[PDB]
Amino acid sequence: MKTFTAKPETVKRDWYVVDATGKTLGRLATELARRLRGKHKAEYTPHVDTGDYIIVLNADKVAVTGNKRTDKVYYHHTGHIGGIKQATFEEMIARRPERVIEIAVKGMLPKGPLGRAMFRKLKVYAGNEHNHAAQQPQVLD
Amino acid sequence: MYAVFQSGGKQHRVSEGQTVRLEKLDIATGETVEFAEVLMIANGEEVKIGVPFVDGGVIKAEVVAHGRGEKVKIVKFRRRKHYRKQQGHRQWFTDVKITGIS
Amino acid sequence: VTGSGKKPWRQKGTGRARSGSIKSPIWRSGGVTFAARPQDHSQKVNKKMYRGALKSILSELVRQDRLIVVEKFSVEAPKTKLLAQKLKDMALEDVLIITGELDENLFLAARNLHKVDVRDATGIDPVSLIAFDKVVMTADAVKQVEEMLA
Amino acid sequence: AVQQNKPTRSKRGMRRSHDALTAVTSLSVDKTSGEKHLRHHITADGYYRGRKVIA
Amino acid sequence: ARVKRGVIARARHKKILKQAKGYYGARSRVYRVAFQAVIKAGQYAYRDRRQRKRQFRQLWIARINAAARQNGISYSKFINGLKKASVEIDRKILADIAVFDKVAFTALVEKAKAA
Amino acid sequence: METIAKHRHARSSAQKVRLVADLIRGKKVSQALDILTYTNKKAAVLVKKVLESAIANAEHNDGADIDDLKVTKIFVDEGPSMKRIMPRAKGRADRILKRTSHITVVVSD
RNA sequence: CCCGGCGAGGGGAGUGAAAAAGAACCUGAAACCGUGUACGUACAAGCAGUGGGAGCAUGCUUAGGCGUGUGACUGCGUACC
RNA sequence: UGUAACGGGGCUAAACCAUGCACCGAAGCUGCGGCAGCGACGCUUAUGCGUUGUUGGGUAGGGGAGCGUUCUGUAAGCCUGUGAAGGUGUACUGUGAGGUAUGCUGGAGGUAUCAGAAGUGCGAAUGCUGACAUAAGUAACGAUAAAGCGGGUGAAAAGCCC
Ligand SMILES: [Mg+2]
Ligand SMILES: [Mg+2]
Ligand SMILES: [Mg+2]
Ligand SMILES: [Mg+2]
Ligand SMILES: [Mg+2]
Ligand SMILES: [Mg+2]
Ligand SMILES: [Mg+2]
Ligand SMILES: [Mg+2]
Ligand SMILES: [Mg+2]
Ligand SMILES: [Mg+2]
Ligand SMILES: [Mg+2]
Ligand SMILES: [Mg+2]
Ligand SMILES: [Mg+2]
Ligand SMILES: [Mg+2]
Ligand SMILES: [Mg+2]
Ligand SMILES: [Mg+2]
Ligand SMILES: [Mg+2]
Ligand SMILES: [Mg+2]
Ligand SMILES: [Mg+2]
Ligand SMILES: [Mg+2]
Ligand SMILES: [Mg+2]
Ligand SMILES: [Mg+2]
Ligand SMILES: [Mg+2]
Ligand SMILES: [Mg+2]
Ligand SMILES: [Mg+2]
Ligand SMILES: [Mg+2]
Ligand SMILES: [Mg+2]
Ligand SMILES: [Mg+2]
Ligand SMILES: [Mg+2]
Ligand SMILES: [Mg+2]
Ligand SMILES: [Mg+2]
Ligand SMILES: [Mg+2]
Ligand SMILES: [Mg+2]
Ligand SMILES: [Mg+2]
Ligand SMILES: [Mg+2]
Ligand SMILES: [Mg+2]
Ligand SMILES: [Mg+2]
Ligand SMILES: [Mg+2]
Ligand SMILES: [Mg+2]
Ligand SMILES: [Mg+2]
Ligand SMILES: [Mg+2]
Ligand SMILES: [Mg+2]
Ligand SMILES: [Mg+2]
Ligand SMILES: [Mg+2]
Ligand SMILES: [Mg+2]
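Residue numbers (PDB author numbering), protein chains in the order written: chain J, 1 to 141; chain R, 1 to 102; chain E, 52 to 201; chain 0, 1 to 55; chain Q, 1 to 115; chain S, 1 to 109.
Read the hints as simulated data drawn from the structure, not as lab findings.
Some hints could be false.
Unchecked claim - When the alpha-carbon atoms are kept at most 25 Å apart in a straight line, the in silico SDA-like pairs for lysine to any residue are as follows:
(1) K36 (chain 0) <-> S13 (chain S)
(2) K11 (chain 0) <-> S76 (chain Q)
(3) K48 (chain S) <-> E35 (chain 0)
(4) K6 (chain S) <-> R92 (chain S)
(5) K111 (chain J) <-> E129 (chain J)
(6) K24 (chain R) <-> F56 (chain Q)
(7) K137 (chain E) <-> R117 (chain E)
(8) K2 (chain J) <-> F100 (chain Q)
(9) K83 (chain Q) <-> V47 (chain R)
(10) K111 (chain Q) <-> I79 (chain Q)
(11) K92 (chain Q) <-> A6 (chain J)
(12) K76 (chain R) <-> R69 (chain Q)
(13) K39 (chain J) <-> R57 (chain Q)
(14) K6 (chain 0) <-> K70 (chain S)
(15) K106 (chain E) <-> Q94 (chain E)
(16) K97 (chain R) <-> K83 (chain Q)
(17) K39 (chain J) <-> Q36 (chain Q)
(18) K11 (chain 0) <-> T22 (chain 0)
(19) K102 (chain Q) <-> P97 (chain J)
(20) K111 (chain Q) <-> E45 (chain R)
(21) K11 (chain 0) <-> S13 (chain S)
(22) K28 (chain S) <-> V24 (chain 0)
(23) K111 (chain J) <-> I79 (chain Q)
(24) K48 (chain R) <-> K12 (chain J)
(25) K106 (chain E) <-> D171 (chain E)
(26) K48 (chain R) <-> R50 (chain Q)
(27) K73 (chain R) <-> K21 (chain Q)
(28) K92 (chain Q) <-> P97 (chain J)
(29) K2 (chain J) <-> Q91 (chain R)
(30) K99 (chain E) <-> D191 (chain E)
(31) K137 (chain E) <-> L180 (chain E)
(32) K41 (chain S) <-> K6 (chain 0)
(33) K41 (chain S) <-> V24 (chain 0)
(34) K12 (chain J) <-> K21 (chain Q)
Said to hold, decoys possible - Partner residues are not named here, just some residues of chain S that face chain 0 (Cβ under 8 Å, in silico):
(35) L33
(36) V45
(37) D65
(38) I66
(39) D68
(40) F75
Every residue, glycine too, gets a C-beta built ideally from N, C-alpha and C.
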């Protein structure tokens with residue numbers, strides 16, 4: 001006998017909503033990366049994108065402990081001669097509040113095509129409003 | 001109706017009627033075998049063990065084929081140390097058809 | 052090998068692999084590293100080993116019943132037609148005829164016959180006795196062989 | 001100057017993809033004679049736009 | 001006596017190239033390159049007969065850990081609960097019962113709850 | 001009928017002719033004959049003669065019918081090269097190959 | 001006979017048992033370059049395999065299972081001397 | 001050269017100090033097969049073993065037992081135009097070198113067994129010879145004295161002829 005591997009076509013996915021108001025970034029982004037991958041589901045397979053679609057809303061209201069509101073830097077190179085752009089967690093929330101959750105999830109997801117596929121699942125928003133009422137996404141905690 | 005039993009030092013989740021492969025036995029080619037090594041019986045009432053085995057749970061099976069497996073080649077090779085070792089293997093098996101679950 | 056001594060090209064400078072001969076075994080034409088010479092493949096066999104072997108193979112034919120001992124065995128005239136017919140009465144085929152009194156009549160008319168081989172009792176051999184299916188010996192020939200081997 | 005180690009059949013294919021020269025697929029038809037020719041060129045017999053302009 | 005060694009070479013090359021049949025580029029066609037690929041393939045084939053057993057054992061534990069936390073228990077407690085009631089069912093099967101008969105998997109979680 | 005016709009030991013190379021061949025495949029003989037008239041390559045004149053052979057070849061010997069004839073399996077195969085010795089500077093010699101090609105065409109319906 | 005430059009080369013017809021025995025002429029391997037057919041391949045990084053593996057293309061007997069080809073995605077994996 | 005002194009995300013516990021109980025984790029160990037190498041002996045007798053304990057990573061190196069090739073003997077026997085060798089595929093089979101049977105090609109030799117003898121097995125030697133790749137349809141086409149148009153020839157003319 002062999003063990004049951006998941007088969008994409010048969011994968012009945014689900015949609016979720018996550019209010020990120022007053023959540024700790026890492027503790028959230030972990031719990032997302034667990035779901036996005038699909039390890040919460042009992043029919044998990046390490047080569048199939050079984051994990052669910054998540055709509056994280058109120059991304060700008062996310063909390064961080066200690067002095068990481070100022071001290072957490074986000075370095076990124078530009079691929080250029082000496083362009084090493086940086087940004088503090090304040091400055092990132094002022095500019096692009098979606099990026100914050102997205103990076104913290106992207107780091108925790110696996111690398112590779114499946115890794116990128118299971119990130120596409122995630123949908124992040126600054127405002128409380130979202131435009132996915134057609135899916136009836138259930139409230140996840 | 002399906003059940004779980006150990007035979008070749010390892011378990012097999014088998015149903016009544018179907019065929020299954022397992023590690024070699026010292027039995028004839030067309031002879032019945034009785035396993036009293038049942039670990040679980042699933043039905044309406046899911047019978048399980050709090051001890052070694054159930055209580056009176058027998059599995060009668062009928063031996064079908066007494067064949068050898070697919071060849072498995074074995075290349076032990078060390079790099080730059082002037083040494084390789086070819087070798088082959090065809091592990092034996094016994095195939096059994098399950099008649100009844102008690 | 053028939054070739055020049057000359058280094059085909061100089062040691063260094065050129066990108067090619069250092070050589071000093073067009074007669075060297077790793078070149079097409081001229082070489083054979085270990086060329087054999089005409090040699091004497093024959094080997095010593097001890098007198099008593101040889102005699103003992105002939106005794107041992109000649110002893111086995113009595114158990115096999117290949118050995119046929121006979122009296123005055125001689126063809127009338129040098130003709131294969133008679134010899135070929137007289138083996139049918141005796142009921143033989145592939146034979147080694149051995150005689151002490153070597154009749155020329157019997158020899159002459161057994162060259163072309165292949166399954167028959169005529170010898171003198173003096174000239175018996177190890178491979179000869181073993182090779183042929185039947186063996187034919189005259190009472191004089193066995194007397195000579197018995198006395199020779201002892 | 002010089003390659004480090006040789007390219008493949010594949011790469012050599014990939015490169016040659018663009019060498020495939022295009023066809024004409026745009027033959028004219030002379031009005032009087034009905035002969036085919038390149039656009040704006042004369043015909044091999046000697047016509048252009050339904051008028052003989054060559055010996 | 002001289003021995004031409006033309007028949008035997010191709011015999012032993014064709015054996016190897018037939019194993020490499022499938023590989024990319026020269027690794028299929030060319031003997032010198034194929035021979036290495038065929039051996040390294042053997043090395044890996046040997047090496048992964050061992051890893052096959054590990055990977056699947058991870059894969060089962062994952063399924064069981066997932067299936068248990070649906071019913072409200074972490075794997076580490078679920079196994080210790082089963083072992084404390086002298087239950088002998090291995091991972092391979094637990095991972096099957098996790099997927100298939102969830103009514104049966106539920107009763108294992110109760111069986112483990114006692115301890 | 002399949003009706004083959006070919007040019008063996010064609011003095012132009014394989015790669016150069018194989019480039020023209022591309023313009024004729026699954027194509028109607030009448031259409032393919034025209035293209036090669038107004039393609040500017042040496043291989044066009046070479047491949048035309050072989051096709052224009054194949055049509056007469058087909059109509060006279062076996063098949064008849066010139067209208068319905070599509071060029072199916074045209075292909076060029078590298079033929080026997082001829083090694084000539086171009087001398088270079090500083091005394092070194094270079095073997096230039098005068099390459100040849102076998103040009104087959106199959107004109108069916 | 002046919003196309004072709006009263007050519008090179010080819011195609012039919014015909015000799016022969018056989019002309020993928022047609023003068024390069026027995027057999028005709030490999031590298032090498034081709035033509036069709038099946039699957040894969042234009043958001044994806046690395047000794048290019050290996051263990052898993054859906055899909056897809058396909059054959060058998062059965063009324064359900066097996067084999068061959070391909071190999072998306074994924075764990076491990078820095079050639080040989 | 002770029003965060004670049006947790007492997008990364010990230011963390012106020014997911015850091016630290018101490019106690020306890022869990023689990024994961026190797027080719028370690030146990031489980032069920034299969035093989036070989038040794039040493040005891042039930043007393044069999046030249047050996048299956050009722051067994052028993054045991055070992056089995058390996059360079060230099062030492063020691064065992066084999067596969068295959070060509071050739072000579074058994075062989076004027078035996079297999080072959082009712083298809084040999086060679087080539088090319090497939091399906092079994094052996095722990096391995098390898099074997100066996102058969103469809104296509106090939107169109108004439110082959111060789112069991114057990115012996116005997118070797119020019120006896122190659123991926124490397126900037127090895128030798130041949131063939132074919134690569135860069136690549138890339139550089140170059142040999143003086144910077146210079147060509148142009150018309151008519152002819154011929155399948156075809158920038159280059160030939162006038
Ligand atoms: Mg990553
Ligand atoms: Mg050099
Ligand atoms: Mg010589
Ligand atoms: Mg030698
Ligand atoms: Mg290099
Ligand atoms: Mg290369
Ligand atoms: Mg490429
Ligand atoms: Mg010879
Ligand atoms: Mg072999
Ligand atoms: Mg000079
Ligand atoms: Mg002419
Ligand atoms: Mg033929
Ligand atoms: Mg030739
Ligand atoms: Mg002949
Ligand atoms: Mg030939
Ligand atoms: Mg190619
Ligand atoms: Mg894509
Ligand atoms: Mg890369
Ligand atoms: Mg790449
Ligand atoms: Mg890796
Ligand atoms: Mg710096
Ligand atoms: Mg950092
Ligand atoms: Mg444990
Ligand atoms: Mg050892
Ligand atoms: Mg050990
Ligand atoms: Mg012989
Ligand atoms: Mg021979
Ligand atoms: Mg043979
Ligand atoms: Mg044999
Ligand atoms: Mg023997
Ligand atoms: Mg040698
Ligand atoms: Mg070689
Ligand atoms: Mg070597
Ligand atoms: Mg060098
Ligand atoms: Mg070189
Ligand atoms: Mg050479
Ligand atoms: Mg070249
Ligand atoms: Mg270039
Ligand atoms: Mg250029
Ligand atoms: Mg240029
Ligand atoms: Mg120049
Ligand atoms: Mg110039
Ligand atoms: Mg002129
Ligand atoms: Mg000019
Ligand atoms: Mg000029």
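task = May I ask you to test the interface hint for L33 (chain S) with respect to chain 0, counting a Cβ-Cβ separation under 8 Å as satisfied?
result = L33 (chain S) check fails; min Cβ-Cβ to chain 0 is 10 Å, beyond 8 Å.
ask   = Are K137 (chain E) and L180 (chain E) close enough, with their CA atoms no more than 25 Å apart?
value = Answer holds: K137 (chain E) to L180 (chain E) is near 22 Å, not above 25 Å.
inquiry  = Check whether the Cα positions of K11 (chain 0) and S13 (chain S) lie no farther apart than 25 Å.
reply    = holds, 21 Å
key: Pairwise hint evaluation, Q91 (chain R) against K2 (chain J), where the allowed Cα distance is 25 Å at most   = Distance ~18 Å between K2 (chain J) and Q91 (chain R) Cα, so the pair holds.
message = Next pair to validate is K97 (chain R) with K83 (chain Q); report whether the Cα-Cα distance is within 25 Å.
response = Violated: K97 (chain R) and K83 (chain Q) sit about 31 Å apart, past 25 Å.
ask   = Taking only the CA atoms, is the gap from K137 (chain E) to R117 (chain E) under or equal to 25 Å?
value = holds, 18 Å
request  = Compare the distance between the alpha carbons of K48 (chain R) and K12 (chain J) with 25 Å, and conclude whether the hinted pair is satisfied.
outcome  = Distance ~31 Å between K48 (chain R) and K12 (chain J) Cα, so the pair is violated.
ask   = Is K6 (chain 0) close enough to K70 (chain S), meaning Cα to Cα at most 25 Å?
value = With a Cα-Cα distance of about 40 Å, the restraint between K6 (chain 0) and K70 (chain S) is violated, given a limit of 25 Å.
ask   = Is the shortest C-beta separation between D65 (chain S) and chain 0 less than 8 Å?
value = violated, 22 Å
query = Are the Cα positions of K92 (chain Q) and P97 (chain J) separated by 25 Å at most?
reply = Violated, at about 44 Å.
task = Measure nothing beyond the straight line between the CA atoms of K11 (chain 0) and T22 (chain 0); if it is 25 Å or shorter, mark the hint as holding.
result = Holds - the C-alpha atoms of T22 (chain 0) and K11 (chain 0) are around 22 Å apart, at most 25 Å.
inquiry  = Interface hint check: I66 (chain S), Cβ to nearest Cβ on chain 0, cutoff 8 Å. Holds or violated?
reply    = At about 17 Å, which exceeds the 8 Å cut-off, the nearest Cβ of chain 0 leaves the hint on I66 (chain S) violated.
Checked against the numbered hints given earlier, this structure breaks hints 1, 2, 4, 5, 12, 14, 16, 17, 19, 23, 24, 26, 28, 32, 34, 35, 36, 37, 38, 39, 40; the rest are met.
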